[PDB]
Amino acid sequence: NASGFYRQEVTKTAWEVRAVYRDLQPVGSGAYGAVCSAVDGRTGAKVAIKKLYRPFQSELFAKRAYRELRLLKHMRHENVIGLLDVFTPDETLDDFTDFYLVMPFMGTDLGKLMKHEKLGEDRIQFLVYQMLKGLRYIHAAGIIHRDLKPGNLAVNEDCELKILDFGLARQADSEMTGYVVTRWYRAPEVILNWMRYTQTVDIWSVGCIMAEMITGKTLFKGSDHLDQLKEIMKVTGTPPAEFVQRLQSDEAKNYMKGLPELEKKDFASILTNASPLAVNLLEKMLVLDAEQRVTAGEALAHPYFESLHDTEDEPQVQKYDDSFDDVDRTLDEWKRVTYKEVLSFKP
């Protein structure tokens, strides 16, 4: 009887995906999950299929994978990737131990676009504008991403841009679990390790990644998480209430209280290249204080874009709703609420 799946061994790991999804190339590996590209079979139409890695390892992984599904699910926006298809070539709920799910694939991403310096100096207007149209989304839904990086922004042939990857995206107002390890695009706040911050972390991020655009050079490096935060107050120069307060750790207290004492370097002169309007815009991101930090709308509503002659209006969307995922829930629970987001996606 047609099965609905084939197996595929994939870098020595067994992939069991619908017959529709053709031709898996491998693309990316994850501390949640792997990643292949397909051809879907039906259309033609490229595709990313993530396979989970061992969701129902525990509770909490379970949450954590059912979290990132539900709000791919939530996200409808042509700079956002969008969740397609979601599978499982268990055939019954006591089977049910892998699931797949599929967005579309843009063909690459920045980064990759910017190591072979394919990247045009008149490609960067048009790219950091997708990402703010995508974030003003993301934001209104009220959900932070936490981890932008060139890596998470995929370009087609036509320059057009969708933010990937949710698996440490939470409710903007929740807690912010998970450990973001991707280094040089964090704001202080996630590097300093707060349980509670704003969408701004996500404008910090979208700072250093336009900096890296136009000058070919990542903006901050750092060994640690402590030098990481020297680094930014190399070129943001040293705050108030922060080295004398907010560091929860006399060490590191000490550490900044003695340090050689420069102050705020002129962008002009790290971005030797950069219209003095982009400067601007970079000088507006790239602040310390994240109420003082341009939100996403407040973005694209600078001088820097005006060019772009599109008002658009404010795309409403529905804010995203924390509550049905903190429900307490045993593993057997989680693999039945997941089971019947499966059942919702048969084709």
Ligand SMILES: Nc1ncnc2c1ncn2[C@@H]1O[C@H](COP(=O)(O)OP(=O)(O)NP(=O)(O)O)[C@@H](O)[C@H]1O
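Between two forms, the rigid core is the largest collection of C-alphas that superpose within 1.5 Å. Numbering follows the first chain given and starts at 1. First, how it differs from the form deposited with the named molecule bound.
- A 2 Å or larger CA shift between these two forms, after fitting on the rigid core, occurs at just one of 74, 77, 123, 253, namely 253.
- When the rigid core is held fixed, the Cα atom of residue 284 travels less than 2 angstroms between these two forms.
- Fitting the two forms on the rigid core leaves the C-alpha of residue 242 displaced by at least 2 angstroms between these two forms.
- For residue 266, a C-alpha deviation below 2 angstroms is recorded between these two forms after rigid-core alignment.
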Given for the second form:
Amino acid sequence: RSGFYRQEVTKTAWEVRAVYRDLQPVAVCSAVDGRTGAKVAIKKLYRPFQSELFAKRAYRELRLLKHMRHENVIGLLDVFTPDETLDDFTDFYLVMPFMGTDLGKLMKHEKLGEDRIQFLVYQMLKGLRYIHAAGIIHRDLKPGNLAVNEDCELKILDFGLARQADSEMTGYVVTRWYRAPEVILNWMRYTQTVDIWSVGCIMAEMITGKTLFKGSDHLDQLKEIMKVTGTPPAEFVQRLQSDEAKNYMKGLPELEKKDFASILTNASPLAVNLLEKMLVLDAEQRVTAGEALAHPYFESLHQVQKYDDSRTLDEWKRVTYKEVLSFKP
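For the form deposited with the named molecule bound instead of the form solved without the named molecule, what are the coordinates?
If you are looking for partners or other molecules, they are not here, because only the chain is given.
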């Protein structure tokens, strides 16, 4: 086949290539490359040029995906747009290999198990070490953004909130239950370690089966975390730059740090130790992906090019359109 075609998926309308066949939702769709017979994943960027925040993310997602190359990080097979000219170029689609299902769904159906949980987390971390060594920050590691196939292979998904690590980044980032405390206590100045926090909540969730810190709102999330990691010293919270965070932590009781083994019922000793090292409140003492991998937990399993880069709604739209057409499979 050749050309394009349109279809009613859920509530949305897609205009994929004629070759990509039999679409199925999972917004992302699972199609089949008519040319080979291999299942594929097609992601439609939802109105990417509806704002500057949306455009910026769309371009960042395309760009990082086009750059990164790792066995544990999703890759592009094709990227296209059914818009023939820059003038009416409203959207574009990303094509990645179908990876089975996401960790979130996988956990809802079945309980994992020691060997499995280890293998999966090892992979999250190699993928992370790569993304980080490359100077990139993910900002959204959660079960739903981690794909796992039949052979238990994993690939980190969704770079929609990712970017190149810098000193002062955008504040409201990471999905709440996987959001590290400093995203709020240290508004706009968190680091790549936030992704280690997310990996800890994720690893913790795989073991227990329950969400580790299920908070009602961003501030309440702090309380949920604190109930486990204890609260920081009172003199520290006094000097907090963020008013919102300072007031909240002030009214909050004075909680003590609980032993992790007391929470993780049937978890292993080394697993508890690693988690303890990943979920430390102090971003600095918090283990890195490299260090994480080096841990005795990953015993039975034990260089990169930094990403580089350089606006109006039409500037993002144009800069993006260029990166779409310059794609080589």
